[PDB]
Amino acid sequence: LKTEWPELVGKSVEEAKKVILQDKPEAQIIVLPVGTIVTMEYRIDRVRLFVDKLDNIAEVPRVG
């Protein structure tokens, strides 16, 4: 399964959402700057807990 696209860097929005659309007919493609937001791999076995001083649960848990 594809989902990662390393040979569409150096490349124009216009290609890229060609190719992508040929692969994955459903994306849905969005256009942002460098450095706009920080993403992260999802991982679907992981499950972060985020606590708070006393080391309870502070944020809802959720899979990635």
Contents of the next structure:
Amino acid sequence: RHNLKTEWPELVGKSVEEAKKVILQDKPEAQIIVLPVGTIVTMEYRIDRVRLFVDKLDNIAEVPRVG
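To test you: the structure above is the form deposited in one PDB entry. What is the structure of the form deposited in another entry?
Below you will find a single chain and nothing else.
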């Protein structure tokens, strides 16, 4: 009965640790990776991955989405 959720605009500005709990609550299979905002990455789509892009305070810098 989980609602289909693939983006988390509400997590912008939150800590990485707070973000991870919400994402796992919505998407138990998520493989979460943390990277500095602005990092260059490969552009393949991985349906179970969630990249978190963080600022220098380790707060979520942009909208987390699946892929």
